[PDB]
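Here is how the chains run, residue by residue.
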Amino acid sequence: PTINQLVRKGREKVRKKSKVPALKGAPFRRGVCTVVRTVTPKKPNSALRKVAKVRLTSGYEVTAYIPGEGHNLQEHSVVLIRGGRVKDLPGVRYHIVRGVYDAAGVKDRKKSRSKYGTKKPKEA
Amino acid sequence: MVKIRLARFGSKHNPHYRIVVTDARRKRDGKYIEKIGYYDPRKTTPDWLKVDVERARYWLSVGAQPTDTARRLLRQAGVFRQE
Amino acid sequence: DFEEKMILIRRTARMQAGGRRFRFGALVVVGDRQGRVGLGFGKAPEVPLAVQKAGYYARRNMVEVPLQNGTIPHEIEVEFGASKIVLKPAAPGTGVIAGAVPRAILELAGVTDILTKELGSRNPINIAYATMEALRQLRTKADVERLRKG
Amino acid sequence: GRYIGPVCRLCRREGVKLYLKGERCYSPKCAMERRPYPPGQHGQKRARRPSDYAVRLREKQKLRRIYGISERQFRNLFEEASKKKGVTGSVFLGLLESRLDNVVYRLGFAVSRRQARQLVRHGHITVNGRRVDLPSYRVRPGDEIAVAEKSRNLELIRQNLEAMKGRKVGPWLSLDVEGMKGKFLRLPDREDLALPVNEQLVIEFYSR
Amino acid sequence: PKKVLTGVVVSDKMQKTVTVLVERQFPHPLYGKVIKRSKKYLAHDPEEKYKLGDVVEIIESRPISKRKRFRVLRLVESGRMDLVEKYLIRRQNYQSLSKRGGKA
Amino acid sequence: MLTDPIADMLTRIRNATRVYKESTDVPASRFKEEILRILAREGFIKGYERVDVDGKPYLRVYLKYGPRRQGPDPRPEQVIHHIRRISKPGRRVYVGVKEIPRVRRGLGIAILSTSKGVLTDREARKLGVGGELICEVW
RNA sequence: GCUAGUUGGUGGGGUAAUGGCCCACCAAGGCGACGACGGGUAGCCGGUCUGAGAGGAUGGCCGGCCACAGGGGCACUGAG
RNA sequence: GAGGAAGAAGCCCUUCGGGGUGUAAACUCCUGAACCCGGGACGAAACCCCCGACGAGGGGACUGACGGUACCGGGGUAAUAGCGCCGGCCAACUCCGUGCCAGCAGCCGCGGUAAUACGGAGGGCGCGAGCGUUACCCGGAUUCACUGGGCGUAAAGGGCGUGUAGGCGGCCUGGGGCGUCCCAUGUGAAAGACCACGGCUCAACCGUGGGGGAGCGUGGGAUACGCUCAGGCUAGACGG
RNA sequence: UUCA
Ligand SMILES: [K+]
Ligand SMILES: [K+]
Ligand SMILES: [K+]
Ligand SMILES: [K+]
Ligand SMILES: [K+]
Ligand SMILES: [K+]
Ligand SMILES: [Mg+2]
Ligand SMILES: [Mg+2]
Ligand SMILES: [Mg+2]
Ligand SMILES: [Mg+2]
Ligand SMILES: [Mg+2]
Ligand SMILES: [Mg+2]
Ligand SMILES: [Mg+2]
Ligand SMILES: [Mg+2]
Ligand SMILES: [Mg+2]
Ligand SMILES: [Mg+2]
Ligand SMILES: [Mg+2]
Ligand SMILES: [Mg+2]
Ligand SMILES: [Mg+2]
Ligand SMILES: [Mg+2]
Ligand SMILES: [Mg+2]
Ligand SMILES: [Mg+2]
Ligand SMILES: [Mg+2]
Ligand SMILES: [Mg+2]
Ligand SMILES: [Mg+2]
Ligand SMILES: [Mg+2]
Ligand SMILES: [Mg+2]
Ligand SMILES: [Mg+2]
Ligand SMILES: [Mg+2]
Ligand SMILES: [Mg+2]
Ligand SMILES: [Mg+2]
Ligand SMILES: [Mg+2]
Ligand SMILES: [Mg+2]
Ligand SMILES: [Mg+2]
Ligand SMILES: [Mg+2]
Ligand SMILES: [Mg+2]
Ligand SMILES: [Mg+2]
Ligand SMILES: [Mg+2]
Ligand SMILES: [Mg+2]
Ligand SMILES: [Mg+2]
Ligand SMILES: [Mg+2]
Ligand SMILES: [Mg+2]
Ligand SMILES: [Mg+2]
Ligand SMILES: [Mg+2]
Ligand SMILES: [Mg+2]
Ligand SMILES: [Mg+2]
Ligand SMILES: [Mg+2]
Ligand SMILES: [Mg+2]
Ligand SMILES: [Mg+2]
Ligand SMILES: [Mg+2]
Ligand SMILES: [Mg+2]
Ligand SMILES: [Mg+2]
Ligand SMILES: [Mg+2]
Ligand SMILES: [Mg+2]
Ligand SMILES: [Mg+2]
Ligand SMILES: [Mg+2]
Ligand SMILES: [Mg+2]
Ligand SMILES: [Mg+2]
Ligand SMILES: [Mg+2]
Ligand SMILES: [Mg+2]
Ligand SMILES: [Mg+2]
Ligand SMILES: [Mg+2]
Ligand SMILES: [Mg+2]
Ligand SMILES: [Mg+2]
Ligand SMILES: [Mg+2]
Ligand SMILES: [Mg+2]
Ligand SMILES: [Zn+2]
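So the protein lines, in turn, are chains L, P, E, D, Q and H.
Each residue of the first sequence is one higher than the one before, starting from 1 at the first, in the entry's author numbering.
Each residue of the second sequence is one higher than the one before, starting from 1 at the first, in the entry's author numbering.
Each residue of the third sequence is one higher than the one before, starting from 1 at the first, in the entry's author numbering.
Each residue of the fourth sequence is one higher than the one before, starting from 1 at the first, in the entry's author numbering.
Each residue of the fifth sequence is one higher than the one before, starting from 1 at the first, in the entry's author numbering.
Each residue of the sixth sequence is one higher than the one before, starting from 1 at the first, in the entry's author numbering.
Certain hints may be false.
[Unchecked claim] Capping the alpha-carbon separation at 27 Å, the derived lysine-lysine pairs in DSS-like fashion look like this:
#1 Q:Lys49 / L:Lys9
#2 E:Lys117 / L:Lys13
#3 D:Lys85 / H:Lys98
Think of the hints as simulated: they come from the structure by calculation, not from any bench.
Using the sequences plus the hints, can you model the full thing?
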């Protein structure tokens with residue numbers, strides 16, 4: 001564009017849209033489970049991914065993924081949302097933090113324990 | 001009434017003052033009108049007190065009122081000597 | 001004498017009745033770190049043969065780089081295809097700040113302090129080619145002097 | 001904490017002799033003797049063409065494992081060197097060679113840089129007369145690096161300083177075996193140094 | 001120093017008050033090209049002396065009315081509505097920038 | 001209109017050298033003439049001279065080139081490898097003395113129009129003045 | 001497209017002081033695409049972070065200025 | 001910390017000969033963080049009092065929260081290590097268990113009985129009083145392109161005119177100097193940032209000193225270019 | 001019919 005045009009309209013700064021509206025962008029947000037369903041992923045995957053509807057304190061009701069081998073989440077299970085998309089589950093943009101609130105850490109896990117919230121086991 | 005007092009600079013347990021000319025009503029470590037010396041109460045260097053008598057003499061000549069301690073440092077730096 | 005650095009080797013594919021037939025391509029830089037570099041892009045059914053040709057084509061594609069205390073005598077911007085490469089003269093102790101492809105050309109050319117930037121299409125092939133051209137277009141006060149004397 | 005663990009294993013990975021031990025890393029046994037292949041269950045298999053990154057990283061791990069410093073510490077020094085006027089490369093080595101714990105080693109008061117570190121921390125060393133137990137202390141040209149009088153009669157200080165008798169020292173230093181003193185004459189040039197490191201590759205590692 | 005500006009009188013419809021249009025010229029902060037900007041100042045004319053087309057010098061003065069902080073200093077050149085024209089026409093265009101039109 | 005006479009001249013020079021002309025004409029103008037002197041003096045062009053092509057005043061610019069060359073494409077290297085208009089109508093460019101650029105670490109030249117006349121980036125620096133940055137050449 | 005204290009004038013009132021700051025009365029004016037008006041958002045700065053730079057993003061702590069003291073409005077006393 | 005086996009046991013891998021963990025451990029010998037005992041601060045020298053003049057000078061006395069802390073001396077025990085990762089990007093590979101399940105996943109993608117990608121294990125790579133995760137900012141992103149982009153077929157030429165505002169504008173002279181350029185000069189608080197010395201054993205954190213510029217104000221100067229005013233010209237334009 |  002001519003410099004004149006630039007003086008006339010200038011350039012437009014490009015904004016960025018959040019991938020995780022868990023308000024205040026806050027690192028995490030608290031919620032209560034509404035449902036604890038199971039879900040089938042999109043091509044070319046197949047399985048029963050574990051999901052939960054959470055009624056966030058932010059005033060939102062989003063679908064959170066429950067990582068780990070197995071879980072212990074019922075309805076009124078209060079939990080912490082952190083935000084992490086699940087690639088094959090369109091719609092799931094948050095992960096549930098294991099080890100906080102009613103969500104148990106993953107039992108028996110020995111490797112990436114920081115994630116999955118699993119205290120270190122001692123030996124003999 | 002304007003003052004010639006000490007403003008604190010340094011670290012915790014490590015004070016270093018600036019002999020300063022500031023309005024009495026202003027914050028201690030606030031905006032001062034002029035710096036005219038410095039003081040290291042711990043004398044960590046041979047140079048723990050400089051003043052510049054010429055300027056200090058000026059402010060006194062216009063109503064500057066020194067704090068008791070500011071006065072002692074000023075004296076020690078020959079500000080009031082007259083012999 | 002001549003040191004060789006392999007820029008990239010790739011397995012390309014052609015199609016035939018019943019199945020696809022392969023072939024390899026290799027980019028090789030050669031230089032004495034004394035001011036001479038050559039680029040070669042050899043292709044053959046096998047990697048090794050590919051690299052062989054690469055080297056060969058390179059030695060007959062040498063360029064005279066006017067080093068001046070480990071650096072270039074002036075900035076040049078060369079565009080090759082949609083690839084653009086920028087070369088800026090730097091002082092001692094800067095090193096060769098450049099991406100893998102142009103870096104290899106430059107080091108083997110005996111450049112030790114240079115500033116660069118890859119713009120536009122970063123196709124290694126075309127960037128490799130833009131670099132050689134840049135070095136090739138470099139001139140020296142002397143050269144300018146003879147061009148303008150007469 | 002500065003590492004603390006199997007050391008003649010780091011030598012093996014770098015495929016080069018790192019005299020971390022010292023006394024034993026001389027008498028055919030630093031493992032780099034009849035076992036110069038990296039440690040691990042796969043240690044003897046053929047290695048693949050290391051990636052440029054890999055090569056820069058290994059070289060940086062080499063130089064840094066020599067002075068036995070942490071990455072945090074090591075990095076800060078590099079930065080200090082990038083700022084400083086002059087070739088941000090030789091300077092960097094110079095700074096490393098100025099660490100007290102290192103100079104203590106270069107003057108042979110200790111056998112290794114690890115052993116030299118403990119000697120400083122335990123206060124058996126002195127700069128310009130005053131005690132100093134800071135391994136990271138930077139020795140400036142002109143400083144005198146002696147041994148605590150109260151230490152001059154230490155089983156270890158005698159033995160090491162004894163064996164130093166007759167041996168020459170870095171062109172930039174100067175020992176006094178008798179009085180157990182020494183002087184940091186000048187920052188060594190790269191020419192004065194002679195370690196298995198390609199400094200440039202380290203600068204490159206931190207440009208990425 | 002009290003600011004002194006220079007502009008054209010584009011309104012003598014106020015009792016002892018003239019509207020002076022002042023033009024500024026300067027490099028654009030980011031794009032460089034020299035752009036032209038301007039502002040109308042209400043100045044003081046106690047004698048109702050100055051009139052349209054009048055190019056004058058305006059000087060920073062002690063408040064005279066709300067938004068009237070300048071007194072006319074002197075005449076630079078008289079009559080020249082060519083300027084008041086551009087101004088007047090420009091304002092006319094505005095009639096055709098709403099819901100209706102204004103030919104051409 | 002012509003809009004930018006100076007640019008028109010730089011381009012005629014550019015276009016002509018690209019097809020290796022002997023010389024090339026450019027509608028004459030004082031200002032343009034001052035530019036040419038710098039080009040001549042600098043050895044970018046053999047020289048120039050006023051001419052009256054069909055009544056009107058022009059300026060024959062005599063172009064320079066390197067020697068014939070080896071291999072395919074024996075065409076001579078250009079003396080004027082680059083000639084770029086910097087300041088232009090509607091986007092004028094001015095620089096202070098400390099803002100005068102250094103074309104190709106000195107191998108090139110920048111032509112400024114200062115209140116002390118038209119000068120090269122070095123000349124200008126010497127006379128300690130700045131002005132409109134007309135163009136760069138190398 | 002906006003405007004009636006609205007824009008300007010005379011006189012007054014008020015204040016340390018200019019001023020539609022307020023009031024009488026006279027004039028029709030004033031502002032707007034070089035956006036007025038309306039809506040949204042936000043204390044501003046020294047500076048901080050990033051960037052080769054130009055830029056981009058930002059004010060926590062510290063220093064300067066401003067604003068507020070449950071929400072509005074109001075004067076009194078005083079150099080303030 | 002130094003020494004310490006052609007290299008225990010256990011665990012892992014095995015072609016089954018052996019290879020790993022690994023000088024690592026065990027042990028031997030040194031040094032002694034913690035602790036224990038002593039000593040024990042600077043920060044505080046004024047106000048005031050006496051002399052002298054309630055001055056200048058000169059004496060005198062009081063006052064320490066932190067703190068019995070900092071530091072100093074003596075004695076003195078081998079004395080916490082975790083966390084992430086190992087398909088490519090991206091440093092780091094094997095066994096078993098799983099069977100498109102259970103699950104991983106930043107992007108590309110892994111799992112359908114021979115999975116270096118899942119879970120465990122051995123080994124390995126990074127950092128290490130931290131490692132990881134999430135969130136947000138700049139970067140890379142010349143991916144809003146002033147520096148530094150584009151629009152025939154990739155996203156992009158308005159369906160075409162007429163023409164308002166505006167932007168831009170040929171060749172000579174001469175005024176004026178608005179833009180522009182130059183010299184002086186005021187301003188550019190302190191912190192901060194850069195540099196040089198210093199003070200805490202280093203550093204972090206501090207002081208002290210030095211250098212700096214845009215911006216704007218003022219005074220003076222220049223006039224090539226842009227601007228403006230005044231003349232002129234005929235190649236652009238229009239007319240006959 | 002789906003995934004390679
Ligand atoms: K090209
Ligand atoms: K209107
Ligand atoms: K800012
Ligand atoms: K006295
Ligand atoms: K695995
Ligand atoms: K970004
Ligand atoms: Mg959230
Ligand atoms: Mg499905
Ligand atoms: Mg699948
Ligand atoms: Mg994510
Ligand atoms: Mg999925
Ligand atoms: Mg007072
Ligand atoms: Mg006040
Ligand atoms: Mg105040
Ligand atoms: Mg391949
Ligand atoms: Mg050459
Ligand atoms: Mg081509
Ligand atoms: Mg292109
Ligand atoms: Mg691209
Ligand atoms: Mg440096
Ligand atoms: Mg009035
Ligand atoms: Mg007047
Ligand atoms: Mg050109
Ligand atoms: Mg300027
Ligand atoms: Mg009044
Ligand atoms: Mg009054
Ligand atoms: Mg009003
Ligand atoms: Mg009034
Ligand atoms: Mg305006
Ligand atoms: Mg707010
Ligand atoms: Mg950048
Ligand atoms: Mg950028
Ligand atoms: Mg801001
Ligand atoms: Mg309020
Ligand atoms: Mg409240
Ligand atoms: Mg109230
Ligand atoms: Mg209130
Ligand atoms: Mg009072
Ligand atoms: Mg050991
Ligand atoms: Mg004390
Ligand atoms: Mg008495
Ligand atoms: Mg008395
Ligand atoms: Mg006294
Ligand atoms: Mg008291
Ligand atoms: Mg002790
Ligand atoms: Mg790898
Ligand atoms: Mg994992
Ligand atoms: Mg630490
Ligand atoms: Mg950008
Ligand atoms: Mg984008
Ligand atoms: Mg552009
Ligand atoms: Mg594009
Ligand atoms: Mg299209
Ligand atoms: Mg069309
Ligand atoms: Mg269309
Ligand atoms: Mg038209
Ligand atoms: Mg027009
Ligand atoms: Mg013109
Ligand atoms: Mg001027
Ligand atoms: Mg200035
Ligand atoms: Mg400042
Ligand atoms: Mg120090
Ligand atoms: Mg300073
Ligand atoms: Mg004319
Ligand atoms: Mg069917
Ligand atoms: Mg499938
Ligand atoms: Zn070793």
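Checked hints:
1. Q:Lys49 / L:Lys9: violated, 42 Å
2. E:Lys117 / L:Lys13: Roughly 25 Å separates the two Cα atoms, so the pair holds.
3. D:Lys85 / H:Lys98: Holds: D:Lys85 and H:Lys98 sit about 24 Å apart, inside 27 Å.
Comparing the model with each earlier hint shows a violation of hint 1 alone; every other hint is respected.
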